[PDB]
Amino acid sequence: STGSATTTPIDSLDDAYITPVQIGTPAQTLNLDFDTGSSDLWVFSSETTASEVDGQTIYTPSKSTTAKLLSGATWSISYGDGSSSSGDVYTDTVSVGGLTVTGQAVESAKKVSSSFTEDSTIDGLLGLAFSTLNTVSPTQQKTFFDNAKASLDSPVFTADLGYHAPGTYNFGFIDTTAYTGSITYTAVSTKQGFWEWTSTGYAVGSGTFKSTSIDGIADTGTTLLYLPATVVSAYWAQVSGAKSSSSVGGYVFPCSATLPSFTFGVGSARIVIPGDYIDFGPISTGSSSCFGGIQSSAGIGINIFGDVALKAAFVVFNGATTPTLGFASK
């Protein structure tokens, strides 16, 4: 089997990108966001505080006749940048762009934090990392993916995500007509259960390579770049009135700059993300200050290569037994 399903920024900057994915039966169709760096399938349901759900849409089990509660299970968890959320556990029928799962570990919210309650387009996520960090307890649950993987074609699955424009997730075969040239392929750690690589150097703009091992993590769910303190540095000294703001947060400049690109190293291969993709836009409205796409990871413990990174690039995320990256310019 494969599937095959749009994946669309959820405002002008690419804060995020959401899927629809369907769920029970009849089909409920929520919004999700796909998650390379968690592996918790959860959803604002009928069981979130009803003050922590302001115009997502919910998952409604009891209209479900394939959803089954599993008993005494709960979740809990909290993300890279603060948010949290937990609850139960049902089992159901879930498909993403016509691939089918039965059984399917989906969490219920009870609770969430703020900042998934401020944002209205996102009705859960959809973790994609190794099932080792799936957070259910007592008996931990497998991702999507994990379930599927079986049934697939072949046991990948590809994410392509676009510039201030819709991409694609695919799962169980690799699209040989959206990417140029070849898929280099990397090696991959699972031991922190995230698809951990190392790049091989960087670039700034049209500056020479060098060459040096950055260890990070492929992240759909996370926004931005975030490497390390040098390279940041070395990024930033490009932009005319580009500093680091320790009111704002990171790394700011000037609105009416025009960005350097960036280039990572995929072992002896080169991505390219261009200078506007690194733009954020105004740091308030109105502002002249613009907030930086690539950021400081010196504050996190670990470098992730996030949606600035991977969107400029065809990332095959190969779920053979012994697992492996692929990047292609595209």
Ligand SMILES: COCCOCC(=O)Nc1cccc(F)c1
Given for the second form:
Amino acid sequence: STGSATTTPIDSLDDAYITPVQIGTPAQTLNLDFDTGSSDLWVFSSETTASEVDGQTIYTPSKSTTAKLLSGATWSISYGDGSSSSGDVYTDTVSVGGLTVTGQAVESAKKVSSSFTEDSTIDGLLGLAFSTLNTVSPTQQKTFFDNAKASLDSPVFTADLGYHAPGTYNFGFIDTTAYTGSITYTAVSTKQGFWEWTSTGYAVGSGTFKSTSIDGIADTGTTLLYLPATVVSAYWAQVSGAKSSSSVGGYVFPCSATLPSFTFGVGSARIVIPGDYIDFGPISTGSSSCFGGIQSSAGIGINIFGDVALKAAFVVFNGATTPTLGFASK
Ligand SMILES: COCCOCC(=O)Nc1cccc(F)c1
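Output the form deposited with the named molecule bound next; the form solved without the named molecule has already been displayed.
Up next: the whole complex, starting with the chain shown before.
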């Protein structure tokens, strides 16, 4: 089997991407944030505290003929941005892009934090990191990908995120029309439950490539590119008037600037992030200070290849016995 679904930016900045997901019988379609950095499939629901719902579409298990309570199971998750959610668990039929899993754990939120409530466009998350990170207790649950894997034509999924445009998540096949050149594959460590890999270095603009190992994770659920302070300082030093602002919470730059590209290494291959991808616009409405898309990972404890980086590539998440990542230009 295969599946193929379009993923769409939630706003003009590509702050996140939503993908329609069918849950239950008859189908209830919710728009979920596919997150290669976490391992829970959770939804706004008929159980979510009413004051914490503001425009989201909810899953109502009582209206699904295939929903079953997973008796005694609970879940509770915290994200790197400080957001959180928790609740109880149903099993149900879940389909993505024509690919169906029966018996998927659908984590029903009873509580969500303010950042979820305030984002009316995201109806929940679909985690695509390793199942070892799933937070269901007392019986940990599998991700949608792990449940689908044995049925797939190839044990893979691919992320093809757009810049200010829709893109695609495919399951079970690699669309050879979706990228240019060849795919370069690189080793993955699953020790922390992430798609963790080592970039071979970076360049700023037209500058020389610096060969240096940068461990980090491929995380579709993180907007920005978070890298070591040395690398980030080297990038922003090429933008006149850029500075790190403790008041704003990262690097800002004059909205009048033209940003340089940023290149990262994948083995001997190179992915180039155009400068425009690194513009996250005014820090507040009407400001002439703009927020940068490359930020320091200092204090996060891990480097994160978020959407700013991933959207410059066609990315293969190879879930074979020994997992690997692939990157191609596009
Ligand atoms: C085994 O789960 C123990 C509970 O974990 C709590 C928890 O917040 N975990 C978590 C947070 C963010 C991403 C992710 F993948 C996992």
